[PDB]
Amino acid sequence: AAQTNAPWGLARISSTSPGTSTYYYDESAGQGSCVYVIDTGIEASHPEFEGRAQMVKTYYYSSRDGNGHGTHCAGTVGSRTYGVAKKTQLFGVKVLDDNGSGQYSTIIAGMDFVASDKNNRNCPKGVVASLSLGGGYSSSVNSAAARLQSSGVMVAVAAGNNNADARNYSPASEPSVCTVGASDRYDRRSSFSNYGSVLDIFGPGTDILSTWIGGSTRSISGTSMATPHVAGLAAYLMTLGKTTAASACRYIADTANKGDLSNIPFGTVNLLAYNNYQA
């Protein structure tokens, strides 16, 4: 299948070179996989989700996304127009308040929640969790992210937006999960993206169009936008039988576009998420 005039990052992920505008993907489109978006929530009524999204848990007064950040990320995973995995199932877990902020004990609780809740849901092709959040190093946060991964969920986390080594941020610094850096439309590392040996992969994160609250859309930037391209891609590959939750990050790295990016510091992987689609 082909989506013409796609957002650039969806094109980038199905091409060996930059500058194309068509997203080429298999029709299966992540059908039968599930992605948990652990964030500010998801506006599930947005037309672009087509009834495929729902809130399953909130740690605040309401389950509503009063911010937009979670809706945007969810959109890049699995919205019709803006998503990598256009037929996946989205579940929203609200660990961040409507200012985009959250305590570490709540974030941890949210990851433990997903590990359990997945056993109650029908996800025959597998389970993915997208965590477009982070702060300073915490061994407990890293530990929760490790638990979620070892549960059998493909965990994808943002590297962070400090133009620094990701080793000092969590859950970015947990080795066992899939730590995602950001690139721009010219195949440069995004000027804000963290880097370092703990990064596993890069994805598109500068000027990413996606769904917003109030039924709208908008284009924002960050490692937060790169993470759901990778989470979506994982879902899409698992539905294809190409990989499993335990090895998806490694599979994505082994099948990535190698060496295309510029401004990658020495010791950081130069690998950009790629679907390898061939009609």
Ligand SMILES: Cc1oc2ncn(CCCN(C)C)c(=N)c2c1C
The other form holds:
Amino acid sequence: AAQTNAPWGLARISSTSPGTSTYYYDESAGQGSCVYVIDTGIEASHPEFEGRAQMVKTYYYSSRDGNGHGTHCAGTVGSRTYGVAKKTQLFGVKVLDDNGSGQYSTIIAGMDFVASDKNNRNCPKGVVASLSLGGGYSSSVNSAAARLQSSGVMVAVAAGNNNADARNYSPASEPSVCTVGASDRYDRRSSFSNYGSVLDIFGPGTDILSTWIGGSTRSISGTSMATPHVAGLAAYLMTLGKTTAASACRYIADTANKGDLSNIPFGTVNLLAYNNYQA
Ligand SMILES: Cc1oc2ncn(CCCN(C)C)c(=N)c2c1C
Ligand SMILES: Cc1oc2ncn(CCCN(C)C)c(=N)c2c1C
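Switch from the form deposited without this ligand to the form solved in complex with this ligand and give that structure.
Next comes the full complex, and the chain you just saw is listed first.
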């Protein structure tokens, strides 16, 4: 399948070269997989989600996304126009309030929730969790991310936006999850992207168009935007049977475009997520 005039990040993940604008992908499109977006919520009524999104948990007085960040990330995972895996099921877990803030205790509870809740959901092709959030190092936060991964969920986490080594951030620094840095449309490391040996992969993160609250769209930047590209890619590859939740991060690294990014610090992987789709 081909989506013409796609957002640059979708085109990038299906291309061996920067500078193209069509997204190519197998029409299975993540059908039968599920992606949990652990964030500020998801505006599930957005036409772009086509009934495939739903809120399943909140820790606040409402399950509504009053911020937009979670809706944007969910859109990059799985919206019809802006999403990598256009037929996946999206589940919202609101661990962040409408200012984008959340206590580590709440974030941990949300991860443990997903590890159990996937057993209440029909996801025969596999389960992914996208965590576009984090803060300073916490062994308890890292352990929660490790538990979620061990339970059989592909966990993709944002590296962070401090232009610093991700070893000092959580859950970014948990080795067993998939830690995602950000790149731009010219194949440069995004100016704000964290780096370091704990990174597994880069995805598009500068100037990413996706869904927003109020039934709208906008372009924003962050490792938060790169992470759902990788989460959606994992769901897509799991639906194709090419990999599993336990192996998808390694598979994405194995099949990535290698050596193509600039301003990668020595010791950080030079790997850009790539779907390897051949029509
Ligand atoms: C106008 C705008 O509104 C935003 N809300 C959340 N974010 C994401 C930053 C923090 N996040 C965890 C809540 C934005 N980057 C953003 C931008 C730009
Ligand atoms: C380790 C980590 O530390 C963070 N601090 C703020 N944010 C919010 C910035 C979100 N983005 C859209 C600009 C994070 N997403 C984050 C992550 C991951």
